[PDB]
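*Asks:* Letter by letter, the chains look like this.
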Amino acid sequence: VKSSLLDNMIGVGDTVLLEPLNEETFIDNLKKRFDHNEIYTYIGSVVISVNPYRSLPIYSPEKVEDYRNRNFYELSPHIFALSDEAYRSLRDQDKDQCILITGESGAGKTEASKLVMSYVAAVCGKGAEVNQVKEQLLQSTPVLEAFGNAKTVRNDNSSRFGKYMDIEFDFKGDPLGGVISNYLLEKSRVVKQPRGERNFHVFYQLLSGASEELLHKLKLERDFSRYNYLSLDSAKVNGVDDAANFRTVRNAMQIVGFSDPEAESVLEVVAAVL
Amino acid sequence: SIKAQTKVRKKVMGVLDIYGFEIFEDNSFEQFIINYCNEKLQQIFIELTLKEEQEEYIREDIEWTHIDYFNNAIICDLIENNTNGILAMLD
Amino acid sequence: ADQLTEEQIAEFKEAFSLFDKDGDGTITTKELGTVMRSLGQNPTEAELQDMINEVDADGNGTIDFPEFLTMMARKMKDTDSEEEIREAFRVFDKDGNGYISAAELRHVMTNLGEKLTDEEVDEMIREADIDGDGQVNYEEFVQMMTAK
Amino acid sequence: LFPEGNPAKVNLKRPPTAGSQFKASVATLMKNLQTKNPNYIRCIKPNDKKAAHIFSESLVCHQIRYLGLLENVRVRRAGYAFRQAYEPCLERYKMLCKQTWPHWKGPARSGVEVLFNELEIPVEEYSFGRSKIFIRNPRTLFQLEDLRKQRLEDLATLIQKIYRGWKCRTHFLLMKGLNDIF
Ligand SMILES: Nc1ncnc2c1ncn2[C@@H]1O[C@H](COP(=O)(O)OP(=O)(O)O)[C@@H](O)[C@H]1O
Ligand SMILES: [Mg+2]
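Residue numbers (the deposited numbering), protein chains in the order written: chain G, 6 to 279; chain U, 371 to 461; chain R, 1 to 148; chain P, 553 to 734.
The shape of chain G in the complex, shown without the other chains:
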């Protein structure tokens, strides 16, 4: 079976018709649908995604094919119906579609982007050519986490640039490729960290998860208090630990295509700016 707004309504799925309307009857709605673990909540063509901070199981390929060609008003509110509506307007209307994922840091924008793009490469129906495109984008995600995201006081993995992952189809529906594009990389975080934050954590990965010969040839030192670019009062962060995340990122760089002199050169430039 399925969760349906038709029979046995749960809260309201779309909040546009929710009356009485204030801040309190809307936070009560999000608390109520967060109680029943239905995190997605429409405002029509706009999808609210509350972070469950745990594996909600409704992301299976049976959910993918289950939501394929389903409108906004047949199913429960879920991101695959908006992603599938934009795939319908891409495929049938033959015009470009984009999905703008906003919200606070640590709310799960990057994860929701991975789930959107995973759905898009799933319901395209051309699963042989689009798989390595999606896989290099997803395996390039933690790299850009390391080089582009840092720990603000609120989050621990705060998004500090505008990531933008494309998937590129022919008008006959043939996947050509995909172009990833940065926007608004915060440059001044490299040189100053405001008293509760830390730098882009590839410096902590390079000074923590790296071998001693790699510390020697990059001329670095493991003490965090040596470097002016590098805070000590906010260096240690739990959860996302200054740990073997470095070899996760470097292995991901091996997945994307970086050779060992190439990634060695990249880490050497990171040691030069450090």
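Incorrect hints may have been included.
Below, simulated DSS-like cross-link-like pairs (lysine-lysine); rule was C-alpha separation at most 30 Å, straight line [said to hold, decoys possible]:
#: 1; chain 1: G; residue 1: 177; chain 2: P; residue 2: 583
#: 2; chain 1: R; residue 1: 94; chain 2: P; residue 2: 719
#: 3; chain 1: G; residue 1: 68; chain 2: U; residue 2: 380
#: 4; chain 1: U; residue 1: 380; chain 2: P; residue 2: 650
#: 5; chain 1: R; residue 1: 21; chain 2: P; residue 2: 719
#: 6; chain 1: P; residue 1: 719; chain 2: R; residue 2: 115
#: 7; chain 1: P; residue 1: 713; chain 2: R; residue 2: 30
#: 8; chain 1: R; residue 1: 21; chain 2: P; residue 2: 583
#: 9; chain 1: G; residue 1: 192; chain 2: P; residue 2: 565
#: 10; chain 1: R; residue 1: 115; chain 2: G; residue 2: 68
#: 11; chain 1: P; residue 1: 684; chain 2: U; residue 2: 421
#: 12; chain 1: P; residue 1: 657; chain 2: R; residue 2: 77
#: 13; chain 1: R; residue 1: 94; chain 2: P; residue 2: 583
Between beta-carbon pairs, the in silico distance windows are [to be verified]:
#: 14; chain 1: P; residue 1: 643; chain 2: G; residue 2: 134; range: 30 to 36 Å
#: 15; chain 1: P; residue 1: 670; chain 2: G; residue 2: 100; range: 52 to 58 Å
#: 16; chain 1: U; residue 1: 379; chain 2: G; residue 2: 13; range: 28 to 34 Å
#: 17; chain 1: G; residue 1: 60; chain 2: U; residue 2: 434; range: 42 to 48 Å
#: 18; chain 1: P; residue 1: 631; chain 2: G; residue 2: 28; range: 48 to 54 Å
#: 19; chain 1: G; residue 1: 100; chain 2: U; residue 2: 451; range: 19 to 25 Å
No lab work stands behind these hints, which were simulated from the structure alone.
Even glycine gets a Cβ: it sits at the ideal position worked out from N, Cα and C.
Please arrange chains U, R and P with the ligands on chain G, whose structure you already have, making use of the hints.
*Replies:* Same frame as chain G, now just chains U, R and P with the ligands:
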């Protein structure tokens, strides 16, 4: 590595992983640029989506002009103006 | 207004005498719809039990041949159409490419309606093996159903 | 990294500082969005302690206040919540009228009008357009998809009993054929 080789007229589906309003207790130049590109981002909602609603709604013969919207061109004019902006006086 | 011709009543007598493996001149209530859907009127189960409960207020389990002529004379005007069937499979085709998915067709034929068993939908997928696997040409399938 | 350091590349301009750089990057982003259709995700965290159960009210009310959601609800209550063209709407929804199902009923917009006049839909609920059919309310499509699902249950019962009829016809032709017809 993944490039549209033999480039033709193509169509794109995109995903923008962009922040939300980084409103911190001690804001700085960075959160200023963050809130600013949020202002341009709401301008690309209020321009694209609301004005295609309006050309659609009026074009399909229904008699509306919906009530009001707070346009963000005043805030863009506050920041990105080449003479009276905030970024221009920083330049 | 005959309402039934003589050769057609001869076909009712031939089918009623052929299906009767008991040899007692009557059949049960649970196999009357086997005869009526073998002749090809396609009634429902609830209307059939409504007519059995109408002609039998005690649950005898015996079906008479003039009662069968009365029921088939009542079901004479109930004529379906191939086009409503075809548009129905067009509705269940969520894609519009003419090839309805066999797993989704199995989900409709098992999980919606009167909830058929594994063996009949197994015969349906085995019949759609000539169009399968994974895709079912419903346009050929409705002409293979409604040919005779 | 630096082609500007070529002495054969005389780039004499002063360095753009950060309003030029970040503002030009925003203008590049707006160049890569105005050619496309946007569809939004508004993403909400309940608390900063990464908890899967704890739903702090004040932080989410902070985010509702600054993601602009009540203003979004106000704008989306303008007139509508749903829009479509005529022909896939009549093709998808023609089962709810006795006249349009299964065929056809011409013309397209007129049979659409019969479809809305069949289910006793109020005139305030729908609206007629020139090339598109239009619905104000979400609960209207909740009712239309509810009656559609109730129609498809009867239609699935119809298809399952016609498949039983073709099955019993197949057993009847097999039983007739296996009786040594001379
Ligand atoms: N939809 C989700 N389901 C489960 N966990 C999630 C989800 N979204 C975010 N998370 C959790 O958030 C963490 C990272 O979130 P992220 O996507 O980086 O947030 P943001 O994009 O706002 O920085 C992950 O470790 C994951 O456990
Ligand atoms: Mg992120």
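*Asks:* Now tell me if each hint is right for this structure.
*Replies:* Verification of the supplied hints:
Distance hint between residue 177 of chain G and residue 583 of chain P is fulfilled; the C-alpha atoms sit about 25 Å from each other, no more than 30 Å. The straight-line distance between the Cα atoms of residue 94 of chain R and residue 719 of chain P is roughly 26 Å, inside the 30 Å bound, and the hint therefore holds. Our distance criterion of 30 Å between C-alpha atoms is met by residue 68 of chain G and residue 380 of chain U, whose separation comes to about 29 Å. For the hint pairing residue 380 of chain U with residue 650 of chain P, the CA-to-CA distance comes to about 44 Å; that exceeds 30 Å, so the pair is violated.
Proposed proximity of residue 21 of chain R and residue 719 of chain P is supported: the alpha carbons are some 19 Å apart, at most 30 Å. With a C-alpha separation of about 16 Å, the suggested pairing of residue 719 of chain P with residue 115 of chain R holds against the 30 Å cut-off. Restraint check for residue 713 of chain P and residue 30 of chain R: the C-alpha separation of about 15 Å stays at or below 30 Å, so the hint holds. Between residue 21 of chain R and residue 583 of chain P the alpha-carbon distance is near 80 Å, which puts this suggested pair outside the 30 Å criterion.
Under the criterion of a C-alpha separation no larger than 30 Å, the hint pairing residue 192 of chain G with residue 565 of chain P is consistent with the structure, at around 21 Å. Of the pairs offered as hints, the one joining residue 115 of chain R and residue 68 of chain G holds, with about 22 Å between alpha carbons and a cut-off of 30 Å not exceeded. At most 30 Å may separate the alpha-carbon atoms for a hinted pair to count; residue 684 of chain P and residue 421 of chain U meet this at roughly 18 Å. Distance restraint check for residue 657 of chain P and residue 77 of chain R: the Cα-Cα separation of roughly 24 Å lies within the 30 Å cut-off, and the hinted pair is therefore satisfied.
For the suggested pair residue 94 of chain R and residue 583 of chain P, the alpha carbons sit about 36 Å apart, so the restraint of at most 30 Å is broken. Between residue 643 of chain P and residue 134 of chain G the C-beta distance comes to about 32 Å, which sits within the given range of 30 to 36 Å. At roughly 34 Å, the beta carbons of residue 670 of chain P and residue 100 of chain G sit outside the given window of 52 to 58 Å. Checked against the hint of 28 to 34 Å, the pair residue 379 of chain U and residue 13 of chain G fails, with Cβ atoms roughly 47 Å apart.
In this structure, residue 60 of chain G and residue 434 of chain U meet the distance hint of 42 to 48 Å, their C-beta atoms being roughly 45 Å apart. Evaluation of the 48 to 54 Å hint for residue 631 of chain P and residue 28 of chain G yields a failure: the beta carbon distance comes to about 24 Å. Between residue 100 of chain G and residue 451 of chain U the beta carbons are some 33 Å apart, a value that contradicts the proposed interval 19 to 25 Å.
The structure does not agree with the numbered hints 4, 8, 13, 15, 16, 18 and 19 stated previously, though it agrees with the rest.
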